[PDB]
Amino acid sequence: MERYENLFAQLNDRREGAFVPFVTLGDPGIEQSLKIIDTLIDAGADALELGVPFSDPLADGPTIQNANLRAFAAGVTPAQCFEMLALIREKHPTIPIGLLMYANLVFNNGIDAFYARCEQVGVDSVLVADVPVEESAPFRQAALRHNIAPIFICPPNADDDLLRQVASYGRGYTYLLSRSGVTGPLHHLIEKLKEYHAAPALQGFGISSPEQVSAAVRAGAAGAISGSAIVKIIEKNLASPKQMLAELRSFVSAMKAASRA
Amino acid sequence: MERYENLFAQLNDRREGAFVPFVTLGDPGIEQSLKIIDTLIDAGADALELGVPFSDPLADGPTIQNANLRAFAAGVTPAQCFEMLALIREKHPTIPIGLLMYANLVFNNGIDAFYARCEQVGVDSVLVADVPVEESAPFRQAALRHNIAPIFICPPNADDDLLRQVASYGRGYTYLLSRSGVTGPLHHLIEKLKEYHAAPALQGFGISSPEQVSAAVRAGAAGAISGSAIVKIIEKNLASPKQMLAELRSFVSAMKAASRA
Amino acid sequence: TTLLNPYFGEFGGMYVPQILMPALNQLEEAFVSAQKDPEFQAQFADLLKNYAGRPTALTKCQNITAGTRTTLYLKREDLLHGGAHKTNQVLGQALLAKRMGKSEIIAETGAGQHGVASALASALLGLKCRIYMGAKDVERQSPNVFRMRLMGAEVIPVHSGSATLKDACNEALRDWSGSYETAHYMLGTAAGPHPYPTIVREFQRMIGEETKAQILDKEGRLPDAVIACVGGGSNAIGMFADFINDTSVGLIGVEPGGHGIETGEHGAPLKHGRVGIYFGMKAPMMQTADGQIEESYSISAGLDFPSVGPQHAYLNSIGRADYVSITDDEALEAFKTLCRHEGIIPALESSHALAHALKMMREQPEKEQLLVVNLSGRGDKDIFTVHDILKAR
Amino acid sequence: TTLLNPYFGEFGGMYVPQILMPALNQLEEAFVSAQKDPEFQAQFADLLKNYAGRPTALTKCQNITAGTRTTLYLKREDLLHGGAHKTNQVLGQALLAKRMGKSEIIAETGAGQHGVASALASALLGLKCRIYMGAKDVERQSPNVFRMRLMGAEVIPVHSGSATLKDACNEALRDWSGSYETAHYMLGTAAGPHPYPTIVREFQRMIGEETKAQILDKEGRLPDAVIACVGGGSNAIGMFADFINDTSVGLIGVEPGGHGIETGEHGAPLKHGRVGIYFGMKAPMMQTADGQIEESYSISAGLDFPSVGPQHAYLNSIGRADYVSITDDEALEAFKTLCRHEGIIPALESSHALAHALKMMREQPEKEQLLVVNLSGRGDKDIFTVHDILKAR
Ligand SMILES: O=C(O)CNC(=O)Cc1c[nH]c2ccccc12
Ligand SMILES: O=C(O)CNC(=O)Cc1c[nH]c2ccccc12
Ligand SMILES: *Cc1c(COP(=O)(O)O)cnc(C)c1O
Ligand SMILES: *Cc1c(COP(=O)(O)O)cnc(C)c1O
Ligand code: NA
Ligand code: NA
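Chains as they are written, first to last, in this note's numbering: chain C, 378 to 638; chain S, 378 to 638; chain P, 2 to 394; chain Y, 2 to 394.
Since the hints were made in silico from the structure, they are not lab data.
For each residue, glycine too, the CB sits at the ideal point set by N, CA and C.
Any given hint could be a false lead.
[To be verified] Here are a few chain Y residues that sit away from chain S, every Cβ distance over 10 Å (derived from the structure):
1. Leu4
2. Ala43
3. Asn51
4. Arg55
5. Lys137
6. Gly153
7. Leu174
8. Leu217
9. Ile245
10. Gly251
11. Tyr298
12. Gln365
13. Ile390
[As the list claims (entries may be wrong)] The calculated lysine-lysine pairs, modelled on DSS-like cross-linking and capped at a C-alpha distance of 27 Å, are:
14. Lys468(C) - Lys569(C)
15. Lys571(C) - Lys613(C)
16. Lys50(Y) - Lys50(P)
17. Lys219(Y) - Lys50(P)
18. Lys392(P) - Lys129(Y)
19. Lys99(Y) - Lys129(Y)
20. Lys37(P) - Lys99(Y)
21. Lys213(P) - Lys392(P)
Please put together the full structure from these sequences, using the hints given.
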């Protein structure tokens, strides 16, 4: 499939930057999760970014650590997340869907078979948080063999060697990290990334207000991703599901609107 | 004074062995203690042996350790014991009175002055439980200077060197120990002691029945001392003072009678 | 690019988020530099000797072996300052942090001992130390928590996930990845992302070098086997390394069998777990079938690391080392037996290794054998848990 | 008759009931014999080295002294097996009991450490050990009581008199005087009837011999002063002895000052007590004016011996040694300070000695001086008492 290439081209014909929210699948429960996701889409997300709950998410901040716990309080497992994915792809044809995984869950029952299951539910990309490019071979291979785009993080201090590896090895989009630390001056990377024909960059980590989406696009990034802020909203509204979707709606619309020409 | 020499000579003219009970001064209280003592005399003791309560009586068994504690529960101090002694000597002229002391209480305010205070209350002897002959010089001197007889213990394993030291250095009577351990085959010591003109031996430690008094005298000892058994009686009768004196009476009479020709 | 091999056969690597690689490359580089630097070595040798107490004795236990043909020696890491072998590598890691110009130290700890150890190295050497510890272990290790704090370290409890060592290990990483430029991460075992398994090994190897010398001095020849408990692998790799090229020398690693392998409730991923990718590396992990990391169980709090060093998995796979397990009862019996016949209270951890030696001896008492057990720590800290068990029983 | 002088000037002797003298003469004789016997020495040297960990390090503490002109070294008896210096002399006394053919050991203990120590020597060396301990201390030293029992000793509580160490010391004697023929009395300090002050000294003196060698090696010359806490005198005489003939070397003994000398509630009979005769000897005693023995007070349970070794009273009287006191607060400050700036938890006992060094330094920071403190034990055991105090405060 080529959903990312397609979105990017479409957005480029609109002079638009892309806005992609992240959530954890099954947080706070499956049904509510599916509704959150549909609301994110209906409000304007260009692509989703979805996490599979994992026990030891060593690259995430508290916010998303609570999201995995809530998902685990509700019994959510990977096999359930995949069924979730499947019904998401069924409902929305063309939206790019990327996963944020930890290594163990992809290597667990064989790497290749994880990417194959990704292809059969219609996933478009997978970012594996704790596999650096230096260790990406098995994961990127298995990915391309099943038509999934392997995403990589380009750190703010990336040196030219790394820039080139990311531009060479990634596909679909490039995760441009705004900072060190865990989930909670880019013009150079971004130019250099274009220079090496990287996949379009999405700026990530700490995007939580519309001004930043606009600033990313101006900087030359094809878009921005926001998760913590999206999760904050969930975690703030657990007592009222309806108010949850409504605030999700408003925030996403606000974010998306900002990426517009 | 020569109360011991006098008693011994008298007893020898009666073909009698000597019977001397031990108690702790002030156990269970002063008044009761004074009455116990008078009862011991009235029942027949030939001489007394009196302990001054001390905090750390490392040569005594439990029985007499309880006696010191009871005496301490009642506030009894050495200065009080000496007043006790004084009124005892006032009441009974000729009875030999020996103290059983621990070193510290004699060395405390000057050795010489302890033996002088002994002489002014009329005490006849002092045995210091934790001063061996090897260390007796200062204590035996100070004793003879004030006319007090310094008592020494002749252990059952005593070798000839020791026998001679005891016979040379002691006066009034020789404490013949029946056994190692703490408060709770003597014919040789006894002959050897006579051989070296020791003071007359009193057999001590574990004498608690009349048969043993008789056996001591037969062995050649001039007599026997009993304390634990006497203290047992006290400790058994604390709830009834009158029964206390009565059983003391009966036991002492029984003991004394046994030393008789 | 790295300078050294990050892999022991298939196990090991560097699986950390991209933002941490410059830190592990820098660390590797500084360690390679240090190992060829005589000043660094002389300074390390001098603290191990005049501050930590090296070398540690090698102790023959005739009472234990009487009536059999085993001879048993224990390498007395229980005598090292701090009371366990961990103090060796912390001092080395601290001099490294120094050499990198970092001023802060970050460490994770389960049962407390690596936290006490990093706090003492820190205090001595002028570093500001913060330690992460899972709230469950905090609750149950107050002595330790107070020791680290008497030594100026800051102790930060971790409430997420199972709230134990692995959740401390995540919180350590998260922090390193935003402060690596001033802080160094003093990982506590020979595990985790390269170059840590290699550097922990090399800073613990004096345990096997001194063992070898001592045993040659006292017996005239190398042991038939060296045995050591395996919690995350540092003490055992420390005792093994220098004997690895001595083919006739047995290396036996002892993982906690807990209530029993069949029961599930154990700590023995190397022989009873399944390969996974976690904590920066690929190795045997305690894990569900869907791949979530689980906790290791054992009557001794310090064999809690739910995975094992990569180099041990390699050694095992090629046959060069052997790994077995010992249950809580077996380890308590061995504890008792040492207290009463040699007058050394061993750590429950090192109790496991002694226990397997005793089995070697007992099961074949007329076999002629010379064993060394690595007594990785002292058991003063375990006195009460053994107490409460022997009371209920 | 004895073979050696039972007196240090006016202090010391053999004040025991007559029934015990053949035992002390026999002991003296066997000790004199042993000291000229190369087999005995080689066997003692071998346990001190391969079982107990000797020699112990000498540790320079630059962090403590920075900014001053003191240089301070601590002799790390905290690293000796058992955790304190007491293990030295117990091993020696046990080999003696052996050499006499006795098979049982009797020991008294206050805070538990001499009881743990005699039980470990006993277990190692095949002796049956029973330990007397005052019920008050039993109550408050359960770790210790359980340690001794894990090591096969029998622990007998003493309920008479103040129920503390002196009442244990009486119960030890009483028993020895009826079983001396099979049992040996392993007295716990350099005190009591001759020949014990001399034998404890000679079996602790390696502490000063090694100190001297080490300090000559590291500094080129002898210390200006050696400092050590004084509970009953064994660690301090141990550190002092070998420097006694070195006139330029200061010997400073530190007795616990408790809440304060003026308050009365202290442990410093050598400088604030009065000569008495007790426990087999003539020395300074804590005592009332009528002469009953009283207890020593201190925040550290092990400086509880209500008297002090005779040889220290002699050394003091001739000027050759100096004795001072340090209060509980001062000793707690020194405890804290070591934990936080060198990462060694010292025993509250040895805390007193460090505290007086720190005063020497602090009161005259531009004086040029080289001090050694004898760190007689580790303070793991004191962690909670320091905890409870720092909480109330
Ligand atoms: O929380 C955010 O703002 C952004 N998060 C993402 O883009 C999703 C994410 C979860 N954990 C991560 C670890 C590394 C990279 C991205 C993530
Ligand atoms: O208890 C006894 O049977 C005998 N006691 C005495 O003769 C008195 C005594 C008390 N403590 C002692 C210590 C040594 C010698 C005699 C005694
Ligand atoms: C921490 C510890 C261990 C376990 O960790 P390893 O790395 O597996 O050695 C073993 N023994 C003791 C005494 C420990 O403190
Ligand atoms: C027992 C002990 C002491 C006191 O006894 P000394 O004979 O006075 O040395 C001092 N320090 C420590 C650590 C002790 O265990
Ligand atoms: Na493990
Ligand atoms: Na004292």
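Structure-based check of each hint:
no.	hint	in the structure
1	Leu4	holds, 13 Å
2	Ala43	holds, 34 Å
3	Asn51	holds, 38 Å
4	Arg55	holds, 35 Å
5	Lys137	holds, 15 Å
6	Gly153	holds, 25 Å
7	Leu174	violated, 5 Å
8	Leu217	holds, 42 Å
9	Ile245	holds, 26 Å
10	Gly251	holds, 33 Å
11	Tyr298	holds, 16 Å
12	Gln365	holds, 41 Å
13	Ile390	holds, 30 Å
14	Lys468(C) - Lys569(C)	violated, 37 Å
15	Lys571(C) - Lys613(C)	violated, 39 Å
16	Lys50(Y) - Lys50(P)	holds, 15 Å
17	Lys219(Y) - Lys50(P)	holds, 13 Å
18	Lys392(P) - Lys129(Y)	holds, 24 Å
19	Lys99(Y) - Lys129(Y)	holds, 12 Å
20	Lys37(P) - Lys99(Y)	violated, 52 Å
21	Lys213(P) - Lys392(P)	violated, 41 Å
Checked against the numbered hints above, the structure violates hints 7, 14, 15, 20 and 21; every other hint is satisfied.
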